[PDB]
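Just one chain is shown here, as structure tokens, and it is the form deposited in one PDB entry.
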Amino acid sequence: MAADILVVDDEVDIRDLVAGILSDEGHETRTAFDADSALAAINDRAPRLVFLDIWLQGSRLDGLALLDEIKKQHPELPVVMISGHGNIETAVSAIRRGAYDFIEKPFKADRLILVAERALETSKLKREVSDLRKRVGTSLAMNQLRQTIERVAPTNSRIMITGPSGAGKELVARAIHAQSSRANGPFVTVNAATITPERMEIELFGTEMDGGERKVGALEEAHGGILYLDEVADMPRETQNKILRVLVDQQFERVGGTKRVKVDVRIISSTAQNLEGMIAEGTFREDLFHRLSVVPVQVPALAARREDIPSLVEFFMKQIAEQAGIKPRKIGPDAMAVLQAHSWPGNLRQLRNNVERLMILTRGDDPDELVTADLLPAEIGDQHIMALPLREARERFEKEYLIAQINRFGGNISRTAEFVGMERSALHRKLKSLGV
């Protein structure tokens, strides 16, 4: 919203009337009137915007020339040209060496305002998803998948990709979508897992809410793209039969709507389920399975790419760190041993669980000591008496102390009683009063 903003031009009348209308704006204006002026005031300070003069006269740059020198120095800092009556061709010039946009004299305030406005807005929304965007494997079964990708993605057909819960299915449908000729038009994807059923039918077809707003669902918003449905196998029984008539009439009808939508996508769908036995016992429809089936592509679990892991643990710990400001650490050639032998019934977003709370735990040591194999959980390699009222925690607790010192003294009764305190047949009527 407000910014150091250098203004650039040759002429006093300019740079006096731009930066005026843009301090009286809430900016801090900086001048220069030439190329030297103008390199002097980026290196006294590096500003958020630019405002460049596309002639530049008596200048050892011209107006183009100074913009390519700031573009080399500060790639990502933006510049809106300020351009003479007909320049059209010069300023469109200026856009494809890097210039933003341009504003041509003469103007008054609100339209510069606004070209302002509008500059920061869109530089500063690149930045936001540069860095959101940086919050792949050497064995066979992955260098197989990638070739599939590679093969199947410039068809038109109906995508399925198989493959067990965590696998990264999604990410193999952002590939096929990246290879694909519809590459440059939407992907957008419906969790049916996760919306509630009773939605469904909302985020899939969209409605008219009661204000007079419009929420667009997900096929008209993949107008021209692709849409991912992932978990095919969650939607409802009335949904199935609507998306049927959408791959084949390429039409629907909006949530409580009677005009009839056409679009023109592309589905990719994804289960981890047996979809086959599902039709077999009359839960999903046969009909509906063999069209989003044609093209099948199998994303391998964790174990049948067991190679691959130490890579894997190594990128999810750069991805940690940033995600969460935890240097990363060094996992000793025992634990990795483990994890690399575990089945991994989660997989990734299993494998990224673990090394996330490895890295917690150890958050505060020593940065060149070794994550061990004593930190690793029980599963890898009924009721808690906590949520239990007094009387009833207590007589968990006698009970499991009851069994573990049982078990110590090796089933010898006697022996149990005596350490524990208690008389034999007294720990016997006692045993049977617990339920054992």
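Positions refer to the first chain, counted from 1. By rigid core we mean the largest C-alpha set that fits within 1.5 Å across both forms. First, how it differs from the form deposited in another entry.
Comparing the two forms between these two forms on the rigid core, the single residue of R174, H223, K71, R182 with a CA shift of 2 Å or greater is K71. After superposition on the rigid core, displacement of the C-alpha of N274 between these two forms stays below 2 Å.
The Cα shift for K105 between these two forms, taken after rigid core superposition, is 2 angstroms or larger. Relative to the superposed rigid core, the position of the CA of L348 differs between these two forms by less than 2 Å.
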Given for the second form:
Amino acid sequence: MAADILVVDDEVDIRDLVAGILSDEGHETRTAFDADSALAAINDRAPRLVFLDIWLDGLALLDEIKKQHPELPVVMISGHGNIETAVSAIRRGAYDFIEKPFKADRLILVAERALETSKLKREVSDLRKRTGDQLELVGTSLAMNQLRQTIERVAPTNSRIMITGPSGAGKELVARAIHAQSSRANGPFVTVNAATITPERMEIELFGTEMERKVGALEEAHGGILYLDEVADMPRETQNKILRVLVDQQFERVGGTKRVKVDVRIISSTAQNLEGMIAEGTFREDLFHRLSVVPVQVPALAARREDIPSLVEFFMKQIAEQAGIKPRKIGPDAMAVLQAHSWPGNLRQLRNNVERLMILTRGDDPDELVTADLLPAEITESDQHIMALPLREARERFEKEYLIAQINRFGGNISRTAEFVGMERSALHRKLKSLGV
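Hand over the structure of the form deposited in another entry; the form deposited in one PDB entry is what we had up.
Excluded here are partners and other molecules; the one chain stands alone.
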């Protein structure tokens, strides 16, 4: 909207003209005539945008501004004569360029777009800190290093990827890392979660509808990557259509005849045994062979236990950022129990456990260690729970469980249990029977 802009030019009429139009728009404008006055203005306060004259030199100052302030957009002011240098400045780090003489509306528009893009990148950084959704693969283990090198090798190719690994191991993160290291890194990254899509709406989610517009995952993925997250959750009807899209890169939109042609790089994943599903007749053999082109195996947390301390530390920093809870020191006993667990939910389960620990100790002293007793049990019927029952039934269940527990406490000695609970021997017998013990 209305930001702090620094106008760097050697001519006063340009400094006054640019600063004038922008200030009149609602911005705060400061000026500088050379590199030293520019660097000093940035030292007074970091601006949200810079307008830099190519011939002051401009390109050297452009490198310096971008070195110290990578997130600060710089728009070049260029002479009518040469666009070659203005284009050279874009490659060196400049956002855009403006040509003399310019219309005021052009100057206003360029400033707004440079600020909008800068705001979008800042909103991206801010939202990644809240989602705890960064694109970095933490792990010093050999399983992690081999995975990182597999990513580095398969990403620059155009090959179809098949990702195998258990739930929460990092299959989606690997797919995003493959995308960020591919030729389609600037192209879209579209995800299809079969598990979280109703069967009655799968066709519409993948192919869209004929004519505000409902655009399917395949059309949205055109020129980029389509991530089929957990293919094993696709019904027979869905498996058929996917196979059919793989043969010709074409499909119809639901309700329509129009055959849309797409150009998509497919990355698939499974935490399931697909070859076994083929034997059970639940998964198509032709689909499997077409999706299983280049394999990428993401290791289980059980295959990289030595990474758990580094991951706990990494997750504690994310939650410190999200919640404002200071990171804690995990006790050697609690860490030993964590490192020994089988982790069916892998890293997603580890993060969830780290977050619960941080919530529970939020009030505690900083020097206090997180102890093994704080760890949950894994590390009756719904109709029978006391909280879900009315008073009489809830009272009856409590009475039954109390007596059962008191009997076990006295190791089956009914007469001593009776005496302690405040009952006569035969009355306890009749009560136990009436309660169905």
